[PDB]
Structure formats: C-alpha cells, structure tokens
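Got a structure for you, questions after.
All protein chains of the complex are present and in place, except for one that has been dropped.
In this document, chain identifiers A, B and C correspond to the written order of the chains, with residue numbering beginning at 1 in each.
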Amino acid sequence: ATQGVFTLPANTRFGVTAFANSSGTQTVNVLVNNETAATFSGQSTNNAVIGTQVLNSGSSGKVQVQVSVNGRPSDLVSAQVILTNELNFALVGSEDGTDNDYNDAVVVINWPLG
Amino acid sequence: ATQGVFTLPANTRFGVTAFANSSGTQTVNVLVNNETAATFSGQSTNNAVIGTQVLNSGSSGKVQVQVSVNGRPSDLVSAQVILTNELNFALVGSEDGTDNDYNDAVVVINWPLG
Amino acid sequence: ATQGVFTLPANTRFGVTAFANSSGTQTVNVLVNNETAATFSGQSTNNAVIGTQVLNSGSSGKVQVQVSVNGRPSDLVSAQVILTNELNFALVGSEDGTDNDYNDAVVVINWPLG
Partner (left out) sequence: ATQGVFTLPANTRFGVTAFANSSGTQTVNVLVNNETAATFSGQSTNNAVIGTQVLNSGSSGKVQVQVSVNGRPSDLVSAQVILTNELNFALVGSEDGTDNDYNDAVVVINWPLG
C-alpha cells in the first residue's frame, strides 16, 4: 500500500521534523501538492534532528514524504493518529538496509500549530 | 485515565523531543523510573523545538512526561503507535488554557535508535 | 481531555462493535448527533462481542460512545488511527473499576464500509 502520503486540512500550517538513525546519509524530501517544499539531510546513529520546518499544506492539503540514501529510495511505513479528536500526528519510518529497524530516517508531521 | 506514561523495553535508548505552540512558556519534564532525567523549557507559537535529548529507559522501562506552565500542570493526552512491529512512537499533547488545541507543548518519544 | 468523541465524514456508513471484559454487565451507547443510535449490553470476561452494528454518521458526523455499568459511567480512553491515508479506526477503552486495564468494554468504530 502507498505509504508516506497524508491528506492534511487545507491551507493549514504543519510542522515536519526528521531524525536520523543510520550509518547512511539520509535525504528527506517533503512534497506539498506534488512539489518539493522542504529537504533535510544528515548522518547520525543517535537520533539527530536533521531538520525541522513549518510548512503550509496549501489548497489541496496533500503532503508526501520521501526518503533516499545514496540516491536509492528507502522503503517507507506510515500512519496518522488523532488524539482527543483534534491533535494530529502523521508518522513515517524508513529502511535503507537489511535490518528492518525502519528508523533510518524517522519523520513526524504535527498539526495544528499555534 | 492516566496519560503521558509509557512502558518502554528495559535498558533501551530513546529520543525525546518537545515543541511549543502557546503564548505561555512550557516546562517539559521527562521522568525515567520516577526521577527527572531531562527538562526542557521554552516559548513559541511556531512549533519551535524547545529541546531534544537521548535517554535510557533503565531497568524499569518506565517513562513519564509532565508539562506545566508557570507551575500549573497542563492536561495531557497521549498514545503509543508501533509501525511494522518495530518502530515505536510515544506521543503527548498538552493544554495550558481554554481552547483545547492540545498542542501547547507536544512531545514525541521514539525508539529504537541506532 | 474529552474522550470517546469522533467526527466522521458526513452521511457515511460506519461499523461499531463492542467487546466485554469484566465481572460487570456493560452497557454501551453509541450516539449520532447527540442521540442514541445503538445500544448493546452484556457480561463477559472473554471478549464477547456484545453487539455490532452499521450506522450512518448523518448530517453532523458526530459520533460519541458512552459506557456504563448498572448506571454508573465508566472512564473512557480513545484515539483514531488512519492507515494508508484511507482506512479509519476510532478506538475506545473503558474502565469500570480500579485495576485500570481499560478493557471492561472495548469499542471499535471502522470506516469506510462496502
């Protein structure tokens, strides 16, 4: 099934934050309405926050996360969780190798902000 | 129901990261086995990261997040989500006022690392 | 924070299913637009499906679950999870005593159907 694609409230600010846990340098791309809106990169095996940014979901609300290492797309896993019918987290894990820890780049999207 | 309390696997490193979305200064305390292990403080209405750290869950695996604003405890909401039976997120929102956006401090705990 | 309240897309069929795990007889009421639309009762310590039903969210999309034991309201916990940006689960646990297993009545709402 498609992973890393989320429908957010239209025209709404959201936070996107990426963490690295791999020997490989991670590159995380965030697409809003199918166009790159943010790119983060780094290399850590200790959960470095390689990027954090506030974006707007735009007219369509479509947000997609992609992750690659050495130009090869990582396999993604994702889900969205809503607390007290209001607080939202869109979650992404990714795997760049063979151990299946899926933490090589971890991405958290949160809204609402403010 | 109690919120903000999570049982992690014993002796496991985890990341904890806090974001702020409120006019009030947020104080986030992270307890491991009932003792303070990290404290973050900051003010933002733009989802700023007010702290990030890597901790060890210790022998008990018990991790608790508490949030207060100028000494007043915030009401919390939380849940844990596991993707592909491997990647864990323990999520906390908090409310310091009357609007019930529950994002006034947002805390994300993730494991495994590495 | 408020628990057991979910906003579904309007005029949408959804499933609601209740399970019992307690010495006490559980009464589960499912409200749509603040009016009871389904009720289930029963006792089990072995997860009996005390009821399942297909309901329509109606014009408001507001769905609330309430649980009581011989008229005494149980404490609720809840969250919503979305898989592959399309499959929704609204989840409720409830506690009628002191042990905090929160499984005394468990309610699962799922959509879309068909």
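Heads up, the rule we're going with is that a residue touches a chain if its C-beta (ideal position, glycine included) is under 8 Å from a C-beta of that chain, and two chains touch if they have at least 3 such contacts.
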*Shown chains touched by the missing chain?*
A, B, C
*Among A:69, A:77, A:106 or A:113, which residue is in touch with the absent chain?*
A:77
*Consider the whole complex, including the chain that is not shown, and state which of C:34, C:46 or C:70 touches that chain.*
C:46
*asked:* Among B:2, B:33 or B:59, which one touches the chain that has been omitted from the display?
replied: B:2
*asked:* Touching the absent chain: which residues on chain A qualify?
replied: 1-3, 75-77, 79, 81, 93, 95, 100, 102
*Residues on chain C that touch the omitted chain in the whole complex?*
15, 17, 19, 21, 45-47, 49, 52, 54, 77-79, 81, 83-84, 86-87, 89, 91, 93, 100-103, 106, 108, 110, 112-114
*asked:* To test your reading of the contact rule: which positions on chain B touch the chain that is missing from view?
replied: 1-3, 5-7, 79-85
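By our rule, only the chains that are shown with their structure count from here on.
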*Please compute the C-alpha centroid of chain A, do the same for chain C, then give the distance between them in whole Å.*
31
*With chain centres taken as the means of their Cα atoms, state the distance from chain A to chain B in Å.*
19
*For chain B and chain C, let me know how many angstrom lie between their CA-based centres, rounded off.*
27
_Among all residues of chain A, which ones touch two or more of the remaining chains?_
78-79, 81, 83-84
